[PDB]
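Next comes just one chain, in C-alpha cells: the form deposited without D-MYO-inositol-1-phosphate (IPD).
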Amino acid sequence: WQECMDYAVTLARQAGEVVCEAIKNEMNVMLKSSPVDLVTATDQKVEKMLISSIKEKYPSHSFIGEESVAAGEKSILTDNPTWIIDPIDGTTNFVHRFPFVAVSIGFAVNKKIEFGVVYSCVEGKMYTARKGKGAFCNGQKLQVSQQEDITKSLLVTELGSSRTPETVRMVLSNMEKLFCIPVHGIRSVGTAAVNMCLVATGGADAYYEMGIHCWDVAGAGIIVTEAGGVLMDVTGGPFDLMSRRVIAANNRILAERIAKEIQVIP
C-alpha cells in the first residue's frame, strides 16, 4: 500500500499548488444549499483533476468526493479501495484569502482508513500518516499533547454552516458549557481538517464538531490517531466514517469529558 500513498502525496502537493495559485485571483463564488454554503470553480476543477489522475492509474477503486456527491454521484461506501476527497476544505477561507485551506485525501480499504494526506498550501505544510507507521508534517514526526486536565486544555471547534436557529443555539450553548468548565480557550481556524491537524501536533488538545462529513475527517483523522490521539463520537461512542459527529482528542480522558458536557444536535 506504500505506493498509493506516495502517489497521493504528489497529487495533493499538486492540487494544493493549483488551489494556492487560485487563491490570489478574483473568483466567482457560487452557493449551494444556502447563502453561506459556498463553492467556486477551483473546488470543482481540483476535485475533477484529482478523481481523473487516481482512476487513470487505479481504475478499480471507488471514489467519494465532496463536490461530486453534490452534482449527483452517490455517497455510499464499500470495502473496495475508496479514495475520499475534499478538494478545498476551507472554501470560505479560500474565498477570503484567510490563510488556512487544505486538500484532504483519505484512502479507506474495507471501510477502514489506511492512510491520510492533508496539505495546507498557504502554509506549505504537508501532513501525512499511514496506519501503524506514524504521523508527520513535512517529514517531522507528530505526537499529541499529554494534558489529561480539561481545565488546562485548548480546544478547537467550528461554528458550523447551519444558521438554523435551533442548530445555532445548541452550537453556542455547548461552547458556553465547555468554556465555563473552564478550559484555557476555544479556537477556530476555518477548516475541520487543519483543526484536527493542529491537534495531531499538540498545539491543541481536542477538536469537536457535529455535522461534518466523510471527507472532512477522512484525511486528518488517521493523522490524529497515529500522533497518539483518539477519535470518538460526540456521544462517547465509537467513531465510524459515516457518523457526521466527531471528537478528535489527545486522549480518552479528555474526549469523555467533552462528551459529558455537550448536548447532541440531531
Second form
2 protein chains.
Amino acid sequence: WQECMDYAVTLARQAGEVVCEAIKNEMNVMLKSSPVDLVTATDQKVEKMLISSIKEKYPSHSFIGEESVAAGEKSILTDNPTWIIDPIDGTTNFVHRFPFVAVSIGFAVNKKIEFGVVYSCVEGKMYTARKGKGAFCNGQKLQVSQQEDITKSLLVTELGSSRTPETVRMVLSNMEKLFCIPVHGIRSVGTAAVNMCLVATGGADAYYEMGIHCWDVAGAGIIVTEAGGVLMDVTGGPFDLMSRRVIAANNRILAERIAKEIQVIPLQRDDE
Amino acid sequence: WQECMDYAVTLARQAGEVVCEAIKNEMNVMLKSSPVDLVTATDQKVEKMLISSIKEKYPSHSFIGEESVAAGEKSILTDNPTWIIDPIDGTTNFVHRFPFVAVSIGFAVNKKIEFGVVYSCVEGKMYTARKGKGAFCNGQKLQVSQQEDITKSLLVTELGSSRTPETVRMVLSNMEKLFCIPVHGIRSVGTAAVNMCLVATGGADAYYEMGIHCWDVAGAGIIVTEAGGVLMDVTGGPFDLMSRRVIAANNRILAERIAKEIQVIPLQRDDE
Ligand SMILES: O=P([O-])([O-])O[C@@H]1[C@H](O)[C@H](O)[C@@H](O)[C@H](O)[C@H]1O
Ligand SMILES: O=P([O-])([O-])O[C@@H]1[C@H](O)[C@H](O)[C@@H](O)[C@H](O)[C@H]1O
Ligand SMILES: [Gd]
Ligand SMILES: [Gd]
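Can I have the other form now, the form solved in complex with D-MYO-inositol-1-phosphate (IPD), not the form deposited without D-MYO-inositol-1-phosphate (IPD)?
And the full complex, kicking off with our chain again.
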C-alpha cells in the first residue's frame, strides 16, 4: 500500500494547488441540502480529477466521495480497497477565504483505514499517516498531548451545518455542559479534518462532533491514532466510521469524560 | 508618530521571537482571578521588556498593560501619548501550543488610536496600520469583505473567560439567535486581536465579543478600520475602548444587525 500512499500524497499536493488558486478568484456558489450547505464548481472538478486519476492506476478499487454521493452514488463501505475522498473539507471557509481548507483522502482495506493524507493548502501543511508507521506534518513526527485532566484541557468542536432548532439546541447545550466543567476553552477553525490534525499535533487535547460524514474524517482519523491518540463513538464504544459521530482525543481518559458529559443527537447514518 | 511606529514594529517582532521560542518549552502556569484565567512567566517577562524599552526611548509617555494592571497599576486613559500593550493575547493558546498567539501594541494620543501593530508570531504574520495610511499584512494591503447580507456572513467570536452560569447561558443564547438567522457559520481562533485581524483581511465578515479588555483590542481596532471596517459598541452606540464590549464588522449594516440581535451583559469598565 506504500505505492498507493506515495501516489496519494502526489495527488493531494496537486489538488491542493488547484483549490488554493481558486480561493482567490471569483466563485460560483451553489446550494446543496440547504442555504447553508454549499458547493462550488471547484469541489466538483477537483473530486472529478482525483477519482479519475486513481481509477486509471487502480481500476479495481472502490470510491466514496462527497460530490459523487451527492450525484446519486451510495456510501456503502465494503472489504474492497476504497478511497474515501473529500475534495474540499471546509467549503464554507473556502467561499469566504477563511484560511483553513483541507484536501482529505483516506484509504480503507477490510473496512479499516490503512493510511490517510490531509493537505491544508493555505498553510502549506501536509499531514500523512500509515498504520503502524507514525504520523507526520511536513516530514516531522507528531504526538498528542499528555493531559489527562479535563479541567485543564482545550477542546475543538464545530456548531454544524444544521439549523433545525432542536438540533441546534442540543449542540449548544452539549457545549455548555463541557464549558462549565470547566475546561480551559473551546475553538473551531471551520473544518473537521484540520480540527482533528490540531489534536494530533498536541495543539488541542480533544475533538468531538455529531453530524460529520465519513469523508470528512476518514483521512484525519489515522493521523490522530498514529500520533498516539484515540478514536471513540460518543457512547464510549468503538468508533463507527459511518455513524456520523466521533470523539478524537489524546487518550481514553479525556475521551471517556467527554462521552459521559454529552448527549446523543439523532442522525441518519451514511450507510442508510 | 512614524518614528514611534517604526520603533513599535521592531519591538513587536523582537518580543514575538521571545514568545515563540518560549512556546516550545515547558511553562509553569499560574492562575489569576480564576482557574481559567491564566498567566505565565513569559507574559510577565515580555511585558516588562516591552515597557522598559519604550520608556528608555520615550520617558514622558504613559503605559497601560495587562500584567502591570494585575500588579496594581490602574487603567485610566489620558490625552498623553499612551502605549496600550498585551504581551501575549491568547495565553490559553500559548499554554496549550494552539498555534494562534499575538503580541499587541496600540498607541493612543488625545485618547484616540494613532497606530497599531499586531504580531502573530507562529504564522510569521505582522499586521500594522496607521490612521489615514491603510492596513497591511507583511507589506500587503488589507481590505474587508463586501458582504451586506447577514444570512451569507461568517462570524468570529469567543466563548470568553467567565464561567459564571448566568453569563455563559447568555453568551450561548446570543450565539443561538445569530446562528439561527441563519448565518453561514461561527469560528473562534482563541485570541481577540487575531480574530479582529481576520475580519480586516476579509476572511471573516464580523467579530463581536463582550468581556474583552482595552489591551486585548487596542492594536487590532485600527487595523480593521483602516481596512475599511467599522467599530461599534454592542449597544449600537459608538465604540468605547474601556467598555469591555466590541463589534468589529466589515460595514455598518452587519454591525447594526448583530447589535439588534444580541443582548448586553453588564460588565465592569476597565477605567473603574
Ligand atoms: O461540508 P464540508 O465543508 O466538506 O465538511 C464540513 C466541515 O468539516 C464542517 O466544519 C463540519 O462542521 C461539517 O460537519 C462537515 O461536514
Ligand atoms: O487574556 P488574553 O489571552 O491576553 O486575552 C483574551 C483572549 O483574546 C480571548 O480570546 C478573549 O476571549 C478574552 O476576552 C481576552 O481577554
Ligand atoms: Gd467537502
Ligand atoms: Gd494577555
